[PDB]
Each structure stands twice: as structure tokens, then as C-alpha cells.
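Novice: Chain residues, written in single-letter form:
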Amino acid sequence: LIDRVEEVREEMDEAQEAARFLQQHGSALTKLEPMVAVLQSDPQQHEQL
Amino acid sequence: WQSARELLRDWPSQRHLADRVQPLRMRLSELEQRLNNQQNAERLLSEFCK
Amino acid sequence: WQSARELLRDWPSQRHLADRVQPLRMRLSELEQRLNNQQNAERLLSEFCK
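Quick note, the sequences are listed as chains L, X and A, same order. Per the authors' numbering, residue 891 is the first one in the first sequence, and the count goes up by one each step. Per the authors' numbering, residue 495 is the first one in the second sequence, and the count goes up by one each step. Per the authors' numbering, residue 495 is the first one in the third sequence, and the count goes up by one each step.
The following block holds chain L by itself, in its conformation from the complex:
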């Protein structure tokens, strides 16, 4: 009565959704990852800084 097929199916749902998100926003995340730090500095906040 393992009934793990439901658990494995949930894992598939999560993992296929992850793959779909990778396809959807893979390029955007790759372009964001090398210059993420900029988000911490907002132009006017640079003067207030």
C-alpha cells in the first residue's frame, strides 16, 4: 500500500512546472544574475544614500 504514485505525480507536477518556468524566463534570469546588485541602488536613493 505504498501509494507513492500520488507523491511521484506531485513531484512531476512540481518539476515540470520548474522546467516550464526555466523555458519561460531562463534568458531573463541569466541576464539578471551577473548584475543583480544594481537592484539595491535606486537612482534617487543614490543621492539620499
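Read the hints as simulated data drawn from the structure, not as lab findings. Some hints here could point you the wrong way.
[What the hints assert, rightly or not] Covered by chain L, per the in silico footprint, the following chain X stretches (three or more residues, Cβ under 8 angstroms): (1) 497-506; (2) 518-532.
[Unchecked claim] With a straight-line Cα cutoff of 25 angstroms, these simulated SDA-like cross-link-like pairs (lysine to any residue) come out: (3) L:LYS921 x A:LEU502; (4) L:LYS921 x L:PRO933; (5) X:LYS544 x L:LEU891; (6) L:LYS921 x L:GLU900; (7) A:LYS544 x A:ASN530; (8) A:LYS544 x A:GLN533; (9) L:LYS921 x X:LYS544; (10) L:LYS921 x X:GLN496; (11) L:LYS921 x X:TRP495.
C-beta: ideal position from N, C-alpha, C; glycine also.
Take the given structure of chain L and dock chains X and A to it, following the hints.
Specialist: Only chains X and A this time, still in chain L's reference frame:
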């Protein structure tokens, strides 16, 4: 900034677990075939019991 | 710096995959019993067919 940090935190996990879909796919195919066999065995057991 | 970035890229994968240990342990046990039954059946077949 915080949203981007969280997104870059999750994204490697997403990439890490995406490849497991296909290994998971055969896993559930085998598991469900096993469950079909288990259901058949249970049905046949009950069938003879009487 | 590059090594640090690589290490913190590993850390997401490291924890996520390390979480997989125990489910794989039962899978290994099941597969071991499968192999044992395989050898048992093969042996019995050989002795009969002799």
C-alpha cells in the same frame, strides 16, 4: 532586489530538479505498472477467497 | 570570488539532492530484493533444466 535574490535562490533548485522529470517519468510508469499488478493480485485473491 | 560564487551555486543543489538520500535507500533495498529474486529464479531454472 529582495525578489530577485529569492528568484535566483529558487532558480538553481528549479534547474536542479527539472532534469529529474524524465527519471521520475519512468519511475511513475514502473510504479503504476506495479500498482496495476498489485490491484490485479488483490482482485484475484478476493476472487478465489469465496 | 569566483570560487565563492561557485560554492554558493553548489549549496542550493547540495541541500536539495542530499534531501533525496532516504527515499533512495528504500529504492535500493527494493532493487536488491529484486536482484535476489532474479538470482533465485535463475538458479532454480538451471537446476530444473539440468
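Novice: It remains to establish, for every hint, whether it holds in the given structure.
Specialist: Outcome of the hint check:
{"no.": "1", "hint": "497-506", "in the structure": "holds (count 5)"}
{"no.": "2", "hint": "518-532", "in the structure": "holds (count 7)"}
{"no.": "3", "hint": "L:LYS921 x A:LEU502", "in the structure": "holds (18 angstroms)"}
{"no.": "4", "hint": "L:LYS921 x L:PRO933", "in the structure": "holds (20 angstroms)"}
{"no.": "5", "hint": "X:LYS544 x L:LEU891", "in the structure": "holds (23 angstroms)"}
{"no.": "6", "hint": "L:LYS921 x L:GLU900", "in the structure": "violated (31 angstroms)"}
{"no.": "7", "hint": "A:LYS544 x A:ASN530", "in the structure": "holds (21 angstroms)"}
{"no.": "8", "hint": "A:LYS544 x A:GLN533", "in the structure": "holds (16 angstroms)"}
{"no.": "9", "hint": "L:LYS921 x X:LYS544", "in the structure": "violated (68 angstroms)"}
{"no.": "10", "hint": "L:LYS921 x X:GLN496", "in the structure": "holds (17 angstroms)"}
{"no.": "11", "hint": "L:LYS921 x X:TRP495", "in the structure": "holds (15 angstroms)"}
When each numbered hint is compared with the structure, violations occur for hints 6 and 9.
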